[PDB]
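This document starts with one chain, in the form solved without adenosine-5'-diphosphate, laid out as structure tokens.
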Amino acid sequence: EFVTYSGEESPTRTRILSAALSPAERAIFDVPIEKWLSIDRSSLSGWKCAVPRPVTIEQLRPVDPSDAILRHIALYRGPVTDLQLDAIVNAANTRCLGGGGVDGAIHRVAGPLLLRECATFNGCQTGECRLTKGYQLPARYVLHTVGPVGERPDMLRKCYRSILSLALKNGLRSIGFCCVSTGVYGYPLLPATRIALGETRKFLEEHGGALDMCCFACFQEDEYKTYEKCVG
């Protein structure tokens, strides 16, 4: 029933999947993906939230409560993993089996089952998004997206469209974003930020009533200040 990939359809994956799980971990892994949104995760003996004081939707402040669109956009100074929203975004690579930066961080907080779930599919194409459970994150789901290497605006735009499409299709009402393609993938920060906000605005204009909050988590001050300058 859930759509888990925006696109069209390994010794490393084999070995990830053959690693032992406890019975309690199996119970978590076994929850069907669509049930994870609403399940009482504390009913699973193997589960815990790895973020001591998650940031909830109520705690965020939108950019402009009076604006039709900007009342649904917030900026957050901190890591995306803090956010207790329906989904957070992971900036992945095409192998989609973890890495450095935010990808590494998300995997560390979520715990080992996130990698295990990523090993059940064959990576992620550039511009597309894979949906997984979020395990020990306060957020319910992770939207793993693969940005372009280099300044390819139509593929960075596609990433945002893919993320937002999956949220719409699956009834997810709040999304925490990280910077996609900036830094190691070399997408210049200001142009990337213009695209992130532009695509999110366009989506909110077209699908008003489907999303309650798009929060841009800015782990670095330069990211935060760039988002701030682009929203006024």
Contents of the next structure:
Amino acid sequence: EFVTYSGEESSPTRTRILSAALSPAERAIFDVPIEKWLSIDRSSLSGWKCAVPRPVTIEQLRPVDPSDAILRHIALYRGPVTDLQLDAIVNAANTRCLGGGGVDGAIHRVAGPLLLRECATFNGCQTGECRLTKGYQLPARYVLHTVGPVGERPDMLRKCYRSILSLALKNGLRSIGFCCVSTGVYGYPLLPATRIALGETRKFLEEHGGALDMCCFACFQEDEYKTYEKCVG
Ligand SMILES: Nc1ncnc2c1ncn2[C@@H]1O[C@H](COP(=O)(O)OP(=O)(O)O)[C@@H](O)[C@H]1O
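Output block for the form deposited with adenosine-5'-diphosphate bound, input the form solved without adenosine-5'-diphosphate:
Whole complex next, starting from this chain.
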């Protein structure tokens, strides 16, 4: 059984979303127990498709240093997080966790409407916490929806990364595709955030050796790439 929230536990909107009719094929996908989604052959569901035409597999990722017993498990990817075929990818969401713009809107677009439907089953997400859902039409199996702080709040951003890494550990997920949380419209300075991102990930990797195969940092913008590229050296 999975741990699907990292914290401790509009309303008409969610009831509305949940009352919409589903096809039998859609209902079948949505009914798959969350713990079983990791290993299922998703093409046994007649209504499933991957909405990304050429996903990026873990064998196509470039470790920063295969020699290093830490950096062999970190990689940088240039492009959108939704491309990565990993156990989970990270969504930079908001309190309501009912979609929106930026990466959040992109992840809901690619995954399809069942993602929103799953998000409507629970009561949003607190800043610093993380919700686990299936990822439907994404090549990735799960989505880890975290809510980043608005503005530079280092303790909150650190919490986001620990919450993500925690649910990955508690549920036996071995790869994670990250996006650069809070550094878009939430206006968290990119360099301090990147240092926190890589910092927590390194710490975790040292404290839980062998727990993760790969932590991929997806850089949607060219500067995001270069920033991470040097912050890892
Ligand atoms: N359409 C998109 N596809 C993929 N990634 C995106 C898209 N839009 C924004 N991002 C990325 O998501 C990360 C967070 O940005 P944003 O979506 O504004 O979230 P936040 O509200 O936490 O800043 C950034 O790295 C940004 O480049």
